[PDB]
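A.B. asks: Turn these sequences into a full structure, and let the hints steer you where they fit.
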Amino acid sequence: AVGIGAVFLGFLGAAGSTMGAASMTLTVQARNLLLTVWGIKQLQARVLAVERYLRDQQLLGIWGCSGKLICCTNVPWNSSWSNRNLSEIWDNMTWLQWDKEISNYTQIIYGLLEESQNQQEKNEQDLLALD
Amino acid sequence: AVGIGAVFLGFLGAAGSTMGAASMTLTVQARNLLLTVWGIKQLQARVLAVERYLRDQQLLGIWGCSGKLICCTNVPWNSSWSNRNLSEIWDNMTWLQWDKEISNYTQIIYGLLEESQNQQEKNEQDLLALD
Amino acid sequence: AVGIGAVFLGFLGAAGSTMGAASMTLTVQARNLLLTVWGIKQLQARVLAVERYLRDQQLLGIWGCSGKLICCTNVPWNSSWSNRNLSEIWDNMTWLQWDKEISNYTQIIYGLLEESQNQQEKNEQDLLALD
Amino acid sequence: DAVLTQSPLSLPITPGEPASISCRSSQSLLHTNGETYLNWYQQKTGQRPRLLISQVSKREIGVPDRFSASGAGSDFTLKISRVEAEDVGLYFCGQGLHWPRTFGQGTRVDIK
Amino acid sequence: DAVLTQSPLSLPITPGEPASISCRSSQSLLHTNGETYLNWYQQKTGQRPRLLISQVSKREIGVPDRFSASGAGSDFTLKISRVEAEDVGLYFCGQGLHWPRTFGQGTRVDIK
Amino acid sequence: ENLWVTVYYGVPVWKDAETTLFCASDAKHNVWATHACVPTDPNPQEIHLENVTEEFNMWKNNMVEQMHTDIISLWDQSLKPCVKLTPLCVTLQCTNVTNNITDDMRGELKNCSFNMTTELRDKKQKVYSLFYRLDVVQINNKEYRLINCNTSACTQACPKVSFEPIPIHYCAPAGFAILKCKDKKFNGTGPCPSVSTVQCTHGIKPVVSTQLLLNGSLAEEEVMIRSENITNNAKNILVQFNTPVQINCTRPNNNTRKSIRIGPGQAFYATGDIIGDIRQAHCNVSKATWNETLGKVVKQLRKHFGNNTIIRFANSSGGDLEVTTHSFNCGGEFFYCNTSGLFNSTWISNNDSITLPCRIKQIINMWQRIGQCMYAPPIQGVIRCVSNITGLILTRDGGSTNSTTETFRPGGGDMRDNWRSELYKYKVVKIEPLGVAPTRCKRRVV
Amino acid sequence: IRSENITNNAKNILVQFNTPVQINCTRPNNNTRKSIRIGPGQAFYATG
Amino acid sequence: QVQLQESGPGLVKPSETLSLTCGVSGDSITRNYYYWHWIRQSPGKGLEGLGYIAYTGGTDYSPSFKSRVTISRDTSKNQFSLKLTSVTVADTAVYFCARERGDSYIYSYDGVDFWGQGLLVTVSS
Ligand SMILES: *[C@@H]1O[C@H](CO)[C@@H](O[C@@H]2O[C@H](CO)[C@@H](O[C@@H]3O[C@H](CO[C@H]4O[C@H](CO)[C@@H](O)[C@H](O)[C@@H]4O)[C@@H](O)[C@H](O[C@H]4O[C@H](CO)[C@@H](O)[C@H](O)[C@@H]4O)[C@@H]3O)[C@H](O)[C@H]2NC(C)=O)[C@H](O)[C@H]1NC(C)=O
Ligand SMILES: *[C@@H]1O[C@H](CO)[C@@H](O[C@@H]2O[C@H](CO)[C@@H](O[C@@H]3O[C@H](CO)[C@@H](O)[C@H](O)[C@@H]3O)[C@H](O)[C@H]2NC(C)=O)[C@H](O)[C@H]1NC(C)=O
Ligand SMILES: *[C@@H]1O[C@H](CO)[C@@H](O[C@@H]2O[C@H](CO)[C@@H](O[C@@H]3O[C@H](CO)[C@@H](O)[C@H](O)[C@@H]3O)[C@H](O)[C@H]2NC(C)=O)[C@H](O)[C@H]1NC(C)=O
Ligand SMILES: *[C@@H]1O[C@H](CO)[C@@H](O[C@@H]2O[C@H](CO)[C@@H](O[C@@H]3O[C@H](CO)[C@@H](O)[C@H](O)[C@@H]3O)[C@H](O)[C@H]2NC(C)=O)[C@H](O)[C@H]1NC(C)=O
Ligand SMILES: *[C@@H]1O[C@H](CO)[C@@H](O[C@@H]2O[C@H](CO)[C@@H](O[C@@H]3O[C@H](CO)[C@@H](O)[C@H](O)[C@@H]3O)[C@H](O)[C@H]2NC(C)=O)[C@H](O)[C@H]1NC(C)=O
Ligand SMILES: *[C@@H]1O[C@H](CO)[C@@H](O[C@@H]2O[C@H](CO)[C@@H](O[C@@H]3O[C@H](CO)[C@@H](O)[C@H](O)[C@@H]3O)[C@H](O)[C@H]2NC(C)=O)[C@H](O)[C@H]1NC(C)=O
Ligand SMILES: *[C@@H]1O[C@H](CO)[C@@H](O[C@@H]2O[C@H](CO)[C@@H](O)[C@H](O)[C@H]2NC(C)=O)[C@H](O)[C@H]1NC(C)=O
Ligand SMILES: *[C@@H]1O[C@H](CO)[C@@H](O[C@@H]2O[C@H](CO)[C@@H](O)[C@H](O)[C@H]2NC(C)=O)[C@H](O)[C@H]1NC(C)=O
Ligand SMILES: *[C@@H]1O[C@H](CO)[C@@H](O)[C@H](O)[C@H]1NC(C)=O
Ligand SMILES: *[C@@H]1O[C@H](CO)[C@@H](O)[C@H](O)[C@H]1NC(C)=O
Ligand SMILES: *[C@@H]1O[C@H](CO)[C@@H](O)[C@H](O)[C@H]1NC(C)=O
Ligand SMILES: *[C@@H]1O[C@H](CO)[C@@H](O)[C@H](O)[C@H]1NC(C)=O
Ligand SMILES: *[C@@H]1O[C@H](CO)[C@@H](O)[C@H](O)[C@H]1NC(C)=O
Ligand SMILES: *[C@@H]1O[C@H](CO)[C@@H](O)[C@H](O)[C@H]1NC(C)=O
Ligand SMILES: *[C@@H]1O[C@H](CO)[C@@H](O)[C@H](O)[C@H]1NC(C)=O
Ligand SMILES: *[C@@H]1O[C@H](CO)[C@@H](O)[C@H](O)[C@H]1NC(C)=O
Ligand SMILES: *[C@@H]1O[C@H](CO)[C@@H](O)[C@H](O)[C@H]1NC(C)=O
Ligand SMILES: *[C@@H]1O[C@H](CO)[C@@H](O)[C@H](O)[C@H]1NC(C)=O
Ligand SMILES: *[C@@H]1O[C@H](CO)[C@@H](O)[C@H](O)[C@H]1NC(C)=O
Ligand SMILES: *[C@@H]1O[C@H](CO)[C@@H](O)[C@H](O)[C@H]1NC(C)=O
Ligand SMILES: *[C@@H]1O[C@H](CO)[C@@H](O)[C@H](O)[C@H]1NC(C)=O
Ligand SMILES: *[C@@H]1O[C@H](CO)[C@@H](O)[C@H](O)[C@H]1NC(C)=O
Ligand SMILES: *[C@@H]1O[C@H](CO)[C@@H](O)[C@H](O)[C@H]1NC(C)=O
Ligand SMILES: *[C@@H]1O[C@H](CO)[C@@H](O)[C@H](O)[C@H]1NC(C)=O
Ligand SMILES: *[C@@H]1O[C@H](CO)[C@@H](O)[C@H](O)[C@H]1NC(C)=O
Ligand SMILES: *[C@@H]1O[C@H](CO)[C@@H](O)[C@H](O)[C@H]1NC(C)=O
Ligand SMILES: *[C@@H]1O[C@H](CO)[C@@H](O)[C@H](O)[C@H]1NC(C)=O
Ligand SMILES: *[C@@H]1O[C@H](CO)[C@@H](O)[C@H](O)[C@H]1NC(C)=O
Ligand SMILES: *[C@@H]1O[C@H](CO)[C@@H](O)[C@H](O)[C@H]1NC(C)=O
Ligand SMILES: *[C@@H]1O[C@H](CO)[C@@H](O)[C@H](O)[C@H]1NC(C)=O
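Chains B, C, A, L, J, E, D and G supply the protein sequences, listed in that same order. Taken in order, the first sequence gives residues 512 to 545, 568 to 664; the numbers are from the authors' numbering. Taken in order, the second sequence gives residues 512 to 545, 568 to 664; the numbers are from the authors' numbering. Taken in order, the third sequence gives residues 512 to 545, 568 to 664; the numbers are from the authors' numbering. Taken in order, the fourth sequence gives residues 1 to 27, 27A to 27E, 28 to 107; the numbers are from the authors' numbering. Taken in order, the fifth sequence gives residues 1 to 27, 27A to 27E, 28 to 107; the numbers are from the authors' numbering. Taken in order, the sixth sequence gives residues 32 to 59, 66 to 141, 150 to 185, 188 to 309, 312 to 321, 321A, 322 to 398, 411 to 506; the numbers are from the authors' numbering. Taken in order, the seventh sequence gives residues 272 to 309, 312 to 321; the numbers are from the authors' numbering. Taken in order, the eighth sequence gives residues 1 to 35, 35A to 35B, 36 to 82, 82A to 82C, 83 to 100, 100A to 100G, 101 to 113; the numbers are from the authors' numbering.
Any given hint might turn out to be false.
As the list claims (entries may be wrong) - In silico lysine to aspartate or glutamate, DMTMM-like type, Cα no more than 20 Å apart, as pairs:
id, chain 1, residue 1, chain 2, residue 2
1, E, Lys485, E, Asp167
2, E, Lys485, E, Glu267
3, C, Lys633, L, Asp60
4, J, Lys74, J, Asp105
5, B, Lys574, B, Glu584
6, B, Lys601, C, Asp624
7, E, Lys502, C, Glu657
8, A, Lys601, A, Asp589
9, J, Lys53, B, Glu634
10, E, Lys485, E, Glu102
11, A, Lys601, B, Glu657
12, B, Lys601, C, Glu654
The set of hints was computed from the structure by calculation and includes no laboratory data.
C.D. replies: What follows is the structure in structure tokens.
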């Protein structure tokens, strides 16, 4: 039942809400990702959906987050990308606008995460090898 | 070689065994999950198997068991769901009968597990933010 | 820029390098793993590539290394498999030669790893049961 | 105010035959999020209410499977596969979407 | 030694039409790993040079979108989609592949 | 102060993309296969989104192209099992029908006789059939031949497949979604103030028309004018009505059917002798409703070109019969009506029905195909046709700075416009659940 | 020189050059094409 | 952001040693994949790279100046210096200190990120 407390909404229902409020519905978006010519077309659609999901999972796997909807990384943020306040982003901006703003700097963050993960992995292996 | 010690059984050979003994053979079941019209028929079967496996993997991924066969959770078990002894379920019942009895409450348990894991992720992230 | 320090190299370009030096380039090889008749051929190729990647990830999932390229295990290395010093392997051998030398004993190591993970899984569950 | 109107007001019956109760709403119960909100209640003579079915067609735990319901939009009905002598009492169809919350006038069931 | 040669020596233009600069190398800049290592630099009168584009076609952060470049192997060109009056100064093209590092002679841009 | 970056999975971020949507239906023979369409959802869910706006822009969406390709695929798949009319190209001897022939119908039907083969290759048979004047040419009683003989041989439509345009629902695949604009006054382009997500689109009627849109979805509250560039006279103008105008079409000729065994297991369904009186086929439309509808269209169209200017309506200019006359296959009969009586009036500033004649044709090629035609078999009995008009496809007559008498003209060619008028409220998008944003969380070093 | 077994006379011998030679071939006859319609929508291009 | 600043004397007599020092602020000289160069802008002849120092301490000198340039580092105060012997009149130029990008094991990065301010040295009495 709807009330003054929490709200359920639907798939892609928090697209117009701020990032802070939209971060609570990360599970609903993730759980919905999954005549011979027509058979080829249907199989193509299913295969493409599987490749996209596998690519996203692979990208997550390369980083230090095996599997979880929210995870933390050990690299500081660079103002050069945004420079915006902390509270002003989560409480006054939606996900679409933020994505549009960081779209020109995604590849750099994607490379930095991989670099940090490789360094952390080798350091952890060396640290654990002193037993 | 067979003997008075442990037995190996086969693929789904532990179906007649109790839940306690069948829980030791969880790896064998999990490791066996993977004319143009004929080509379509074979590709359809292959894609169906891949989709089913990815579905189960996604369900495990949403929870805190993305990479292990046996994992514990934090939600307690309400007595109304079964009101049966622990020793009698593991040592006097099989998976087929237990699955038949709990089939009417699987969706509720899945929803509770998903919500609990989401809340736990938010709590861990909030606590980790202090450091 | 290229210099006396590190070197970028390319995809499968560190094959000639020693194992110790090639172990730092695992991410580059892992990240690159992803008219009706022509459609059947391309779909078959894509399905085979996805099945291969899924099989590799499944093998890693069975072991306790489901979300990391580098991990550690509790089963030691029996001398009968290689009977060679540690330094001569990482600093004087390549992956192609080490792979060709252990090719006849890979299945045994795989079985040992799976059994060790199953035993550790039940030991850990039994130990955590006290809570 | 979302008013609920049930029909028939009285349903004289006997054991061993099916029964049906209908509930209609003045406003559509389909929420913006694509979900429906309707619950069926039961209340014996002098006892407190009891929730039988929820979310239109989601059977509660501990209630026998004889009771059933289905519908969408503004038309919903409650179907009992086989009624028993202990099923006597008032029946209500509540809604938990529009404020303030309201319930139907009530339908009574008694032996013929 | 891999030397760089630029052309034209001077580029007198006016605010209102595009501009283009070219830079070539004596040796192939395509390294054995499959990556080019040419970069473009801009230097004002009595000021430190600034890196505009990297890896042939990568608009450094904080540089206006009005600049762009392309090339492969031994031919490269720097084109300005929209030139203003503050783009007066020298332009340098350099390679970070061969040793010793080399830079072009330097073509200056000035208002006609 | 320090900020650390973190990655989030499952954000509602999305972007435009191209994808091949699969058809869905109720899953209840007809010309449309419908066997490749999976059953539709028992109760489709519509999720309305608040505070979001999307840049809808028709005339470029791949939905219309995909639908066109799908219609072509089903149409071709419905003609392959049918028989090929290859031995029909023979020297036809014809004579005009003079039995109770009227002045307007005079010379339209030609009683033709010719030699045709049979089930045995060693013998032939002499038969006769009726053919329309539009499907025969003279060879220089007189000798004649079919119009498609010198172009290409084509098959005949099977009698078991009906031409009923049942609805079809397009649904996006996994990992994609289709947005819907709920605005009641949505323009052909621009940002939609109220966007809503839906699983499957509404039932789209795959009707066929050339000048007047029929059996479609009407406007929600008022007449809407659609055009990619209204200032460009070379661009077609689409108009959608708010209320429909009924039209009654009929074929009073009570003709019969005759089966001619042209081979082993192959039969040619020819036109038999017409019994009873003979009259011309025509359609009707109320004058009052048409006048009111035209007035409303003039009122809505004047705000785009100015109040002072006066607009005018004129009939078709000329060209092929497909574009110069309204066509629509109903009752298994392809019609071609002369719409010159509908656009015959001016609009100055500030007995009860209209009848228009029609012509029937049996050799229909459809679209812009010349090497593959289709022979429509005759339909026994009298044909009655009632229909709802939903829209029109107008064309501007290029003129100088007259600033008056803006002459408009009906006429549509490509079938893409018909589906554009129905798919203007949808656009397919691709979701990107992976997101990145900063926060105060660091990493627990172990 | 390329060959699976040079000592086996039953195997083909492949030779690759380092510099090419030019060959000029031509059909001096100035023939004409003639179209013959052998059926509905079908034609046979005969030699004129 | 990172800032570079050179220090030393602007006037030197001919035929003796010449020493310059360039400080680093905002970043550490022991960075995982970055190099530090010394480039001079001579009038008319163009830019010239004297040499560079890697993060590992290894020095590299150009072939035409290998017998005259020398680079040292001091990680305790986050700065590096260059020594140049047998100076001549032709060495008069603006000496810069900059930091370029090293090719990491995983990815490749090129380009000089930051430059100093430049100090003109006159070789004349
Ligand atoms: C736009 O929408 C209108 C709806 O308003 C469509 O009009 C329909 O047109 C079709 C023909 O194209 C009509 O179908 C035919 O109706 C004939 C009359 O039969 C009546 O009575 C029977 C009793 O069982 C009803 O089932 C039937 O619906 C009618 O009410 C039938 O005799 C016809 O059957 C013959 O053809 C079919 C194949 O089509 C064969 O299977 C049969 O065996 C038989 O040979 C046929 O059913 C339909 O009735 C019209 N509807 C209405 C409400 O009038 C327009 O066609 C549509 N499109 C266009 C372009 O305008
Ligand atoms: C569409 O936009 C409106 C306008 O921003 C959204 O309404 C806003 O909802 C938030 C809740 O996430 C409200 O914030 C809270 O309001 C209460 C009011 O008592 C306050 O106590 C809290 O501290 C907090 O500020 C916000 O006020 C409210 N804005 C209004 C009502 O003007 C709406 O949620 C958006 N919907 C979607 C689907 O994005
Ligand atoms: C991210 O990069 C894209 C390009 O890859 C940027 O898009 C570009 O944005 C500029 C404006 O900053 C557009 O310039 C246009 O200039 C004309 C003439 O002055 C003006 O009339 C327009 O209104 C517009 O300003 C440009 O067209 C646009 N696209 C391209 C392909 O260059 C985007 O701005 C970048 N975003 C950030 C946050 O850096
Ligand atoms: C099929 O069901 C039969 C029972 O009807 C299973 O036989 C049972 O196997 C268990 C194995 O643990 C036996 O337990 C053992 O009993 C001995 C003697 O008391 C004790 O010393 C051991 O420590 C252990 O408790 C059990 O007695 C035995 N029951 C009978 C009647 O033979 C059989 O294993 C089942 N087979 C499959 C494939 O599920
Ligand atoms: C391809 O093979 C050549 C020849 O083995 C490799 O060059 C050699 O690489 C090794 C390993 O780094 C060098 O050894 C080390 O040299 C440094 C001084 O540079 C010294 O301090 C270390 O203690 C160790 O000796 C070796 O000197 C070097 N050169 C020669 C002539 O052997 C090359 O790296 C290989 N490249 C690839 C991509 O596999
Ligand atoms: C892993 O297993 C493979 C196959 O079982 C082994 O390859 C085989 O190795 C033997 C040598 O142990 C080769 O025999 C050869 O025989 C000739 C004639 O006597 C002799 O002149 C050679 O010097 C060699 O001894 C055999 O050809 C070879 N391949 C096959 C297909 O059998 C491999 O050695 C095993 N590796 C290890 C580390 O055990
Ligand atoms: C079309 O021509 C045929 C061939 O003459 C006509 O068929 C004959 O019509 C006469 C007069 O009604 C009959 O006596 C014959 O028995 C018919 N059959 C044959 C095989 O000769 C047919 O009636 C003509 N139809 C029309 C509409 O004029
Ligand atoms: C159908 O075939 C018959 C048999 O070939 C044709 O009859 C011939 O027509 C020609 C031309 O008029 C005459 O020279 C022959 O003498 C006829 N032969 C016979 C046996 O009658 C007839 O013309 C063909 N066409 C039609 C429409 O019947
Ligand atoms: C910006 O990136 C640099 C990379 O060295 C890092 O040191 C710095 O801490 C980042 N931003 C801040 C001030 O956290
Ligand atoms: C956030 O941005 C606003 C707008 O410029 C500014 O006034 C404010 O000081 C910033 N910081 C905080 C902590 O609010
Ligand atoms: C019964 O279920 C409720 C959920 O409403 C839960 O809070 C409670 O813990 C359960 N009872 C037991 C004994 O676990
Ligand atoms: C198990 O259930 C039985 C009832 O059949 C009961 O008598 C017994 O006490 C239960 N065991 C425990 C440990 O409570
Ligand atoms: C390497 O192994 C061989 C044989 O086992 C042995 O003779 C040699 O001493 C070893 N070398 C080192 C450095 O341990
Ligand atoms: C028969 O019809 C044609 C038109 O198709 C006409 O030209 C001819 O004069 C007519 N002949 C007679 C006798 O009516
Ligand atoms: C076929 O004949 C008709 C009528 O004589 C003519 O209009 C058409 O152009 C012809 N087609 C071809 C391909 O010759
Ligand atoms: C729709 O919007 C575009 C863009 O503003 C405009 O050019 C066009 O005239 C509009 N059409 C109508 C019918 O309002
Ligand atoms: C529309 O047509 C006019 C000419 O009537 C042209 O000038 C204009 O560029 C076209 N496009 C738009 C977007 O207005
Ligand atoms: C159309 O109108 C005319 C008016 O005379 C009438 O005779 C005819 O029967 C009508 N046809 C239909 C199908 O209503
Ligand atoms: C068509 O026929 C129906 C029959 O009920 C009639 O009501 C309607 O007015 C007719 N329309 C026209 C335009 O004749
Ligand atoms: C439409 O009806 C009005 C009623 O007053 C009449 O004045 C007008 O002339 C009519 N227009 C046409 C085209 O019949
Ligand atoms: C045309 O007339 C309407 C009133 O009917 C008025 O609202 C509109 O502004 C007028 N058009 C112009 C351009 O003034
Ligand atoms: C209708 O269009 C045709 C085009 O050929 C023309 O000849 C005819 O005159 C037009 N009708 C009227 C009434 O002008
Ligand atoms: C359509 O009807 C009008 C009525 O005057 C006529 O002039 C015109 O020629 C007709 N069209 C054709 C193609 O005959
Ligand atoms: C159009 O209207 C005029 C009015 O004078 C009339 O003479 C003419 O015949 C009409 N044409 C048609 C095709 O209705
Ligand atoms: C056509 O005529 C026949 C004559 O027997 C009659 O039975 C049939 O009903 C007529 N067709 C219609 C549609 O009335
Ligand atoms: C035609 O329009 C009328 C009036 O809106 C409607 O009642 C009827 O159902 C429509 N018929 C079809 C086939 O759309
Ligand atoms: C290739 O090398 C082998 C081994 O040396 C030799 O036997 C063979 O003759 C060579 N091939 C040719 C074509 O000479
Ligand atoms: C090549 O041919 C010779 C005979 O000419 C034969 O003896 C030999 O076995 C063949 N194969 C090889 C690999 O030499
Ligand atoms: C080939 O050579 C002969 C020599 O007589 C000459 O006549 C002929 O034209 C040549 N052909 C070509 C294609 O060069
Ligand atoms: C071949 O004959 C044609 C005939 O018109 C002529 O035009 C052409 O020039 C001839 N070719 C040569 C090479 O003479």
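A.B. asks: Broken hints, numbered, in rising order?
C.D. replies: Those not satisfied are hints 1 and 6.
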